[PDB]
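Peer 1: With chain a's structure known, arrange chains b, c, j and l with the ligands on it following the hints.
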Amino acid sequence: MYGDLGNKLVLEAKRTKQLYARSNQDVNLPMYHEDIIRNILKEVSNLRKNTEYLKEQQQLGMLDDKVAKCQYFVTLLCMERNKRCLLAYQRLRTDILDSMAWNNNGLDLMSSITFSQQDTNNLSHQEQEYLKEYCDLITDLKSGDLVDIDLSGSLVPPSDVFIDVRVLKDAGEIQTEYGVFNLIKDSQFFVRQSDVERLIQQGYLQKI
Amino acid sequence: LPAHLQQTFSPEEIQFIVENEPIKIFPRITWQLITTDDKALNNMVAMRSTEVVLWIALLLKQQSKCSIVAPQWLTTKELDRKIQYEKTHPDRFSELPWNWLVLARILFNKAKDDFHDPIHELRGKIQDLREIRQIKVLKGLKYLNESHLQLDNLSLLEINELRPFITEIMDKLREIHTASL
Amino acid sequence: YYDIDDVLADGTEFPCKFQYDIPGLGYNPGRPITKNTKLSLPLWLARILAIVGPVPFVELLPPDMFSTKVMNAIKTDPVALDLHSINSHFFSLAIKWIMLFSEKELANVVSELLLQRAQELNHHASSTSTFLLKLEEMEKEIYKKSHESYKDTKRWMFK
Amino acid sequence: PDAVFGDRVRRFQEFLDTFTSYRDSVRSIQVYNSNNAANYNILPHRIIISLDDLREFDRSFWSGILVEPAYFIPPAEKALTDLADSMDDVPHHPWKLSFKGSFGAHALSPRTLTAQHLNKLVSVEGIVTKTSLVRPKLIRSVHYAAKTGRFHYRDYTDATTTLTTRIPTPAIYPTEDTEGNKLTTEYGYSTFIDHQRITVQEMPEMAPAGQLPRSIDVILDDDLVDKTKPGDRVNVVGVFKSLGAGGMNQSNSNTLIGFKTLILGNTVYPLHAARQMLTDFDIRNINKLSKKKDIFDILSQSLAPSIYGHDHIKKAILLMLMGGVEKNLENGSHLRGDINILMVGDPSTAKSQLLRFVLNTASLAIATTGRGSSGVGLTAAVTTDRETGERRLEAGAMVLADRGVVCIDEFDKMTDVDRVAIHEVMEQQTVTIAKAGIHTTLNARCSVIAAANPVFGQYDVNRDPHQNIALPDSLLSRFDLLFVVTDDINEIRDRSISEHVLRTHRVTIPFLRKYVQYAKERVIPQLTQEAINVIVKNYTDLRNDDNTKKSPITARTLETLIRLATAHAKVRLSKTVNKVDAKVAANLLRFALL
Amino acid sequence: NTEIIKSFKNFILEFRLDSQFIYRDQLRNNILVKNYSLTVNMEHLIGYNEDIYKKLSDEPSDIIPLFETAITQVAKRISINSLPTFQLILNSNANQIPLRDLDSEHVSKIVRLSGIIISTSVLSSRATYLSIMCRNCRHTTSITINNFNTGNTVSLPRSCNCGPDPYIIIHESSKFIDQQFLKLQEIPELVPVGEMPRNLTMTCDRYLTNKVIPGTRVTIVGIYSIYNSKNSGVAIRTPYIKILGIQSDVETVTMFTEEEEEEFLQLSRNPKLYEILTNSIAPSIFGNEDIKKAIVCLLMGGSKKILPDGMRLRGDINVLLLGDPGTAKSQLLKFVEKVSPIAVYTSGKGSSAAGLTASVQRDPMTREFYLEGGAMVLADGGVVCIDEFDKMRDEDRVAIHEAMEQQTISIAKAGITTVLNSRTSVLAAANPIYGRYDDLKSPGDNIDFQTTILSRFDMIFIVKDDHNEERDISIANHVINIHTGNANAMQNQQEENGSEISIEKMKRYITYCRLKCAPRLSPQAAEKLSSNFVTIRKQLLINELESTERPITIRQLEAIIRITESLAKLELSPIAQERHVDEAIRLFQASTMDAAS
Ligand SMILES: Nc1ncnc2c1ncn2[C@@H]1O[C@H](COP(=O)(O)OP(=O)(O)OP(=O)(O)O)[C@@H](O)[C@H]1O
Ligand SMILES: Nc1ncnc2c1ncn2[C@@H]1O[C@H](COP(=O)(O)OP(=O)(O)OP(=O)(O)O)[C@@H](O)[C@H]1O
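Residue numbers (PDB author numbering), protein chains in the order written: chain a, 1 to 208; chain b, 3 to 32, 50 to 200; chain c, 3 to 29, 33 to 58, 68 to 141, 162 to 193; chain j, 17 to 57, 91 to 141, 151 to 331, 338 to 570, 651 to 738; chain l, 24 to 103, 130 to 198, 201 to 211, 235 to 305, 319 to 339, 346 to 643, 647 to 693.
Chain a extracted, bound-state conformation:
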């Protein structure tokens, strides 16, 4: 009747959670529903000019009548009932790109957040300045630590010190620091532990 579109708005919001949270980490966030929220932005516009008429007649017509007081409440309540949903969908939108912002917060060519969902990379381009304001803020949290602690990844605890790792789908020469490992195509390694953490999350090495 009134907040009806918000019900099906938060209904399709439920699908975005179960798509991501059940399958894997790979998000591919669907879309922003500007078309849908423009409808409720239209209804909130019509509802707001509805009450200022009765704000205009409350001194002249019914004279702050008890009926009119309840007539203010339905117009008051239907505002905030709509207001509850439209930010909740807004929060659950932005509370999943942070997870995209955390796991690849800068490990190998950070500002290439391109080659990534071009149909929605203009969508979240308005949110990129929000996104990069995480990224700028996450840089000084990396430097504002008084000692060098990694905050980029390595969440699973380490077990051993020698791990057989193979490679595929990659080429070139990388790893200028910690000794160059000279990555040729399709050739396994047998190395120590701490080096490959910045490359497995990078997604160049494949199997543990």
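Not one of these hints is a red herring.
Derived pair list, reagent style BS3-like, types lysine-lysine, alpha-carbon separation capped at 30 Å:
#1 c:168 with l:600
#2 l:506 with j:415
#3 a:207 with c:185
FRET-style restraints, in silico, Cβ to Cβ:
#4 a:154 with b:191: 35 to 43 Å
#5 b:191 with c:191: 27 to 35 Å
#6 c:191 with l:99: 24 to 32 Å
#7 l:167 with j:656: 41 to 49 Å
#8 c:85 with l:335: 41 to 49 Å
#9 l:139 with a:109: 57 to 65 Å
#10 b:53 with c:191: 31 to 39 Å
#11 l:335 with b:169: 48 to 56 Å
#12 a:92 with l:335: 39 to 47 Å
#13 c:186 with a:190: 22 to 30 Å
#14 c:174 with b:139: 40 to 48 Å
#15 b:191 with a:166: 42 to 50 Å
#16 a:41 with b:191: 30 to 38 Å
#17 j:722 with c:81: 47 to 55 Å
Think of the hints as simulated: they come from the structure by calculation, not from any bench. Just so you know, even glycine gets a beta-carbon here, dropped at the ideal spot from N, CA and C.
Peer 2: The following block gives chains b, c, j and l with the ligands in isolation, referenced to the frame of chain a:
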């Protein structure tokens, strides 16, 4: 910001708190260890015990210059007396090594081919005792009162496995009890 | 929390009527709505409209078919019941019911229900056209966490 | 007995509070039956125990009734019947139970059989289509020595006590008790009971599409016989029970089941998804809306919520469905008081649309699909020997059609042999048959609804409007209304259609079925000289205009012209044949003919 | 003897491969959710089990349940009384001697069959635990009857000190098992010389019954024992199979694992499904792009509305293919049969169209009239396929008029009048009046008199014969590669493993995608089709005034909305869009023009 496994531990770090406990070895080798919790010794003498932490001894076993002694309850003639005190006592579990399940799984990777005849006997004498614990746990939760339980002897693993559901059932029923008045 | 589980659960309907006659209509001409006229109400406004007056405005009638013709069915066998096609949630709708009502009669009887449903669920957790799945689906979230704990705990424990 | 009898006696003090509300009921039902039988110049022994009085405060006694229902029910009877005499013994038949309530998940659809609850309480629903015979049965006969004047006593046990597998008595009647007296038997003091089996099919909508309907059977007793017409949504509840010797009564016994499924049950109920009791409220509101002088038009538009227009068709269906009366002639043949409308139309114009939803609100009027095997109105002498010596004329399709409606399709796509059958049942209310047995005139009050299609496509306008189907005029003369559905193409007409189908892929019905079934119980006026004066003038001008134009009409068409207005006053719920009814009757035929 | 029992209770609590301890790790998992059943696995069971089967081959009919008494005694170890007995399920696979070597060396040995199950009987009951009363002396005992030699393994004796045969079967303390007598039929491909196929019979236990529908491929493993019914010469008996375990193929009731749907969702996000199927459905069909798209939407369908009133819509589509001989309308139809979940193939001559839908006959027992047969009731949920819609005039049209458009038949023959459900989907491929003349004359002369069938089907293709000199030579280049050399069987296997989809993958995901999602079209499309129709009717309306008659009526307009709902089942999106629907009319706008020319 993990957002994945927050309300409990993942099963890869529950071994991480138990690996930092010490046991006894039989050393072989002759500065050495300055590892801020060290007790480095001199030229170490064989045929003697020493309280050494676990995780360095597993690393000391890959290069294969030491040997491990099992703890004193890891014989088959000892575990049998545990199964009788429980089969006569359906109320609770009796006597618990407190970290036994995760201790065996580390102990079955080049820490099994050292001991005197444990194959086809020890995995027999353990996997029976896992379920006898969890058969006991199924009768216990049916007897759930409000806001008061009696778990006396549980391994750390079942505590990581009873955990993520036992909260929100009694929590959701905590509402309807309390919001009724 | 912005509560994405139950903000839709208060989006459901609820049949009640009036005590006064008010010209405030939004449902479509004939702006005076006559009293004692049964109206489908969404839960959010109807929750506080039964509060604001002494005498409030909405006649809160109980939907006693969600009281008497299901209290019997749950006082027999809490194993396989239609907990779902009568009400797409049975939990927060029972919560926000009892807050205005404050009666310990049914507040005892769903407290028997949940542990019985839980008694199935734990020992159902170790490892078909329209109506049936959502018996198996209202329970899902409550144990979707739980068996996913058991799933990995084997996969560390074996090789 | 002390163990098997103790929780009987502890229940024998327990359930006496579980009839605090029925100990009044069980004696009030007999005290007038004892009274009226003494002043003639009638009810069985039904003691409905609810669940509620046996679940709120007994749990060990509870689940015995739903796990082992074999050590508990003859306890409950024996402790019942003493209360019949302890309440009533001064004036000078065991009172068995019914047990209504819910059950908590025992709605076994009999496509499924159980592995869990065999020999337990079962709730079954479905349809019955067997309806076997009725036959009495002895339980106790009393003998009497005519010499020395002394009596005797004998009870026969059978597979009818429902619970205890006693040693049977393989005997019919004994003679010569231990004396030299020729035994005499008093048959007035020998008691009887009946015995009737009925097979129940599956409700063929909720059984999923992988099988034909299955069936089981049920033995009931006298208290609810002749309650089960074939074609009723019944719902029975009883005990699950096996009987018969499987594996020993013959030798070698290879591949022969010897465990027949039976239900020895109680208390059927018709359901509806005849008994609809309404309060003072809704009975007053329906009079309050009767005061409006528009509600004949509102009911027309509130019937088929999918289709545009056809308000001449839409009023006709509700006029037919409610029904016009037939006043039988005293010592004379009654006339046709049935109404029988017909349709025809070029295809895909909703001719079969409205034909299937009349069956949902049918009020016990189950129709066929018009598949025209011989059996549409007959028996075909199917007896199946009925247990070696009983021949039965099994009811084909008219025991369901009585005071109801039917519908059949595809008239021209039929053989000859059905058309001779529809001749008889229209000129005469009854069929009478003697196939290999008995001549029997059984009565039938039917009303067909037709659906056929023209032959040569869209050839109706360029040829004669008559003979357009050329099925025999034996039926066209016996029918009245031949609505010819047009399908003309207008750009505002189809545009209006296009959204209305589209708007529905995403004044009420149960009030409507109450209104007509209340209007079958109101009195019939038939009597006003004013309304009969105008209609005959209304006939005579078209009696000048039938013969020089389209279609000749006959004298029986006048018996329509009373009958439509007669039912039209039944919509009004009044006893005065007004004037206004005669205007819609004339105007409806004017579209039907022009 | 006994003690075998000690050789197995000391065998199944410890058999494992390398540190997984499997059979306790599933029996524990199987006593919890109530099933009470086992399986066996590989070789050492075979390795020493033949060393037990070298003492079990002598009678694998009485010491097969000597397994069964054992596992109950290990069951109570995992409990601490309501404890049933268990059942066994086996596995073995080397080959399939179909129906040949069946009396010489195969009495009571383990056999494996491949068949098509056709006929199910109603359930029954035999007992497994009884209680027995002597008559006048009142002895009480209890006998269990586990495995069979059909009835009468043992009898009831005369010893209670009371009279002869004093024993009776109470029904107070009894358990029961159910049997089937479902009938098995030979798969009709393995032994062709000139013969007709034969048939056997079999029974089963309850925790493996009701697991088959008629019309499927199946395989089965069990015993070949012999019963003797006394309702023919010397004392001869009959054959039957006692089955053990159906390790079948898929059901072809929506429970399955999770890694199946993982790849499906990984494929369904790649938005190339609509074009990649048309190459990958029929690997043996040159092109025919308009026809090929009509088949994938036919296989899945739309939905079904039981909307809050009385009536209903019909959610299905039904196509036709009429055209010249030699345009592959025939052999395309065998191709839909194997890929369907449920399919029949009755494509010829109608086959007594009154006996297509229903049959009743007298009965050997009790002389009764019950319902047995049908072509439609077998084929629900799926698709039938018939042909020759010229030279059947008898009953074929009067049998499909009711069977279509409402899908609700009721037989009014001598017994019952029951409205059994139907949700079928038809398909036909006829010939016009020798093809060319119907494309060289006035566009009439298709069906002999009536067009009323043609209004009942929506989609109609009218193929023809061109003479394009470059498209034939490719076809003449095409079919020699597929006839001999079988090089495209090596080519299409090379583009299979990264780009195309084989036959066994298409079947499994269609039953998954149909039985999960439930589409609906968006109200923004409501303006789109309404503006479409008013000129479509007008394009017809301008044609009638030129004295051109025939057929379009409104079933097609409510058929396009099912067509646009069809690809929404393909993409598994809960809405429908405009690039969705504009491609849909692009199939039907193409088939509106050929309805005129
Ligand atoms: N005149 C109409 N007005 C509105 N909708 C119609 C009309 N005719 C058909 N329809 C739509 O078409 C669908 C099916 O029509 P239906 O199959 O009943 O035609 P029919 O009466 O069976 O014709 P026939 O018996 O010749 O096949 C219905 O869902 C209905 O909505
Ligand atoms: N478009 C096509 N692509 C591939 N093969 C085709 C095509 N059309 C026909 N064929 C081939 O024709 C061969 C034999 O088919 P057949 O000659 O039986 O068709 P048909 O049944 O005569 O056609 P119709 O059904 O029109 O009579 C098949 O092996 C098939 O591969």
